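Listed next as structure tokens is one chain, alone, in the form solved without the ligand.
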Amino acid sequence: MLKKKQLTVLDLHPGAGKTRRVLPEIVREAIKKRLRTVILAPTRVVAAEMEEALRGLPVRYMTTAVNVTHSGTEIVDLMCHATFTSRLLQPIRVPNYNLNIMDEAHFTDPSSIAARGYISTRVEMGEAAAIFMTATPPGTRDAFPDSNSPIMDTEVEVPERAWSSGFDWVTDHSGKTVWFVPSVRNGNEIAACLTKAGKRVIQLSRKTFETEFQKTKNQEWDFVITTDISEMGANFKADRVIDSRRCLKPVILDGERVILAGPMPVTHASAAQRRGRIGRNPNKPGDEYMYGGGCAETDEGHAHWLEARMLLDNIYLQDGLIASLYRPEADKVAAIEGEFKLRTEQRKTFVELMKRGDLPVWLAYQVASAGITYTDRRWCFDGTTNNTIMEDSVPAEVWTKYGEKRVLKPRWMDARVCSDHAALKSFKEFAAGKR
């Protein structure tokens, strides 16, 4: 696999050992061949597991989630997928890695898709080798793949709201359950219902993931309510997965706004990754997978693929060339390569709006391509009346950096900046000039 001009897809089923057994063997051989290597982790939780499995080996951890001594002579770097794309974007020298190992190479976040594109172009150009590790490579149509122990699969009506009757099977279970909901707001409602019935619930989402995941190991729990974030290597000591089979999809309507369409069916890869949380211990057969709907290829027309093209168009590769998206997923977006390329100053603003401002890729591009500087928040208030953001059924209000009380009405409307209470809180701080 380590030979140049080769992209290997390590499509071993969930729980085969692609991090504890396979990853250390690859690292040993790369170190032996003097190959400059990058290991890409989907999350900081997965990067911490990798440190444990690669202990002793000379690896430079470019993550604060690891507290180890660095010798200074390490030719293998380890960082998250977003950290990799971020460094490609910033005016920082990134080594020309000979070997590129991406773990959970199915991750659909804009920065993961952009890293797959950039790396796969280098491999296609004959400049490097790559190993994409995932049980569900792009294109998979199997929602029920092989597992370490048998799984009982049940098509059942899964609740998406609080319930009084009709779902005795949910609460009459003794084991621990991982329940995949389509959104934070939907998880809050089910969690309240379970808590009221006497259950201990932990809630996981992209923002609370590193902090809350530790509670799954430090305290007794009956249920873990999670969004699609737990599809990227989250390991649980559970015996049941309840899968609504639904998700929200960010969609660009008319090219002027982003809405959160759905809930709608998850792809076959998401259903297999969600089911993949259980059936992992061959000494405990009979884990349950209760699923509440079917699968469809809903990644077509999803904003993340357009956003990945916005990132790649602003990453230098070779003079006037631009990295293509990884071939099995290049059709999920109708885009022109280079159409999102920004000039040096607008590109710096774009990067700062995503990195410091914490705005979604699409929103940062709208603002940066309009000639607006990072600290100028006038656009958060000069939009049309239908762009008014609502909180508690009343227009959301902030005090501007000028000390004036205004209604939040952004020039560009992205549903993700007000999807939950936490998102709107951070966006109110942004519009106020707080970061």
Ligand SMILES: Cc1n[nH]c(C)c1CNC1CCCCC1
Given for the second form:
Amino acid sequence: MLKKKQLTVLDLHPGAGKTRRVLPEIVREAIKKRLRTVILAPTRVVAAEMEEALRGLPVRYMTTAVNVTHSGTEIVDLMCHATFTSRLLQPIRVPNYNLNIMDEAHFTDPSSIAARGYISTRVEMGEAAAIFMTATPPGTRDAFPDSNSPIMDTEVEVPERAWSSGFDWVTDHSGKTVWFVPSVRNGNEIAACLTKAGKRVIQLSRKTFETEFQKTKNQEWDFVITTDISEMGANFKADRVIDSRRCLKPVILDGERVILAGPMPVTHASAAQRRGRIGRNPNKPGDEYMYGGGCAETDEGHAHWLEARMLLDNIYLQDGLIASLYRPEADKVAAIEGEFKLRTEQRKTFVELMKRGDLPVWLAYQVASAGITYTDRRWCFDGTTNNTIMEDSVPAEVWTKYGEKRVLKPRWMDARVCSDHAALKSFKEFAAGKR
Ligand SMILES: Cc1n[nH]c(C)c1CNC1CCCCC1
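Now that the form solved without the ligand has been shown, please provide the structure of the form solved in complex with the ligand.
Now the full complex is given, and it begins with the chain already shown.
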């Protein structure tokens, strides 16, 4: 696999041992052949699991999720998918790795799509080798792959709101359940209903993942309520998965605003990854998978692929050349390569609005391309009346950096800045000039 000019897709079924068995063998061979290597983890939790599988081997951990005293003799680096893309964008030299390994290469967040695009272009140019590790590569049509032990698959109606009757099977179970919901707010309602019935519930989402995941090992629990983030290598000691089969979809309207459409069906790749949380122990057959809807190709026209093109257009590759998206996922967006390329000063603002400002890629692009500097927050207050942000069914209010109380009304509206209580609190701090 390690030979230059080659991209290999390691597609063994979920639980086959790609991370703990195959990955250390690849690393040993790359070290023997003196190949400068990079290993890409989707989250900080998976990075910690990788250190346990690679313990003893000379690997340089470029993350604070691991506490190691590095010897300085390493030719293998390990970092998260988002860290790789961030360093490419910033004015810091990233080595031209001979071997590029991506674990959980099915991750559809914008920085993961960008990393696949950049790596596959280098391979196509005859410069590097690459290995994409996932049971569900882009374009998969099989929601029910093989597992370590048989799974009981049942199509059933799954509640998406609090309930009084009709779903006895949910609370009559005596094991442990991992329940996938379409959003943070939807999960809050189901958690409240279960807690009222005497159940012990843990909630997981992108912003709380590392902290709350530790609770699954440190305390007794009956249910885990989670968004699609737990599709990226999160492991649990459970015997049942409840899957709504629904997700939210960011959509750009008239190139003017971003809305969160849905809930709508998940892809076959997501359904297989959600199902893949159970049936992992070969000695424990009979884990249950309850699913409440069908699959569809909802990644076509999804804003993450447009945002990935915005990142790739602002990454240096060679003179005026721009990296393409990974071939099996390129038709998900209607975009001309190079149309989002910014000049030096606007690019610097774009990077800082994402890195320090914590704004979504699309929103960061509108501000930077309009010629506005990072600290200038006048655009958060001069939008039209129909862009007013609502807090508890009443217009949200902030004190500006000048000391004036103003209604939050952004020139560009992106629904992700107010999708939950935590997101709106962080966007209020940005509008006030607090970061
Ligand atoms: C380590 C681990 N992973 N998943 C589960 C479940 C556990 C057990 N944790 C409990 C915590 C409370 C005391 C007993 C041990």
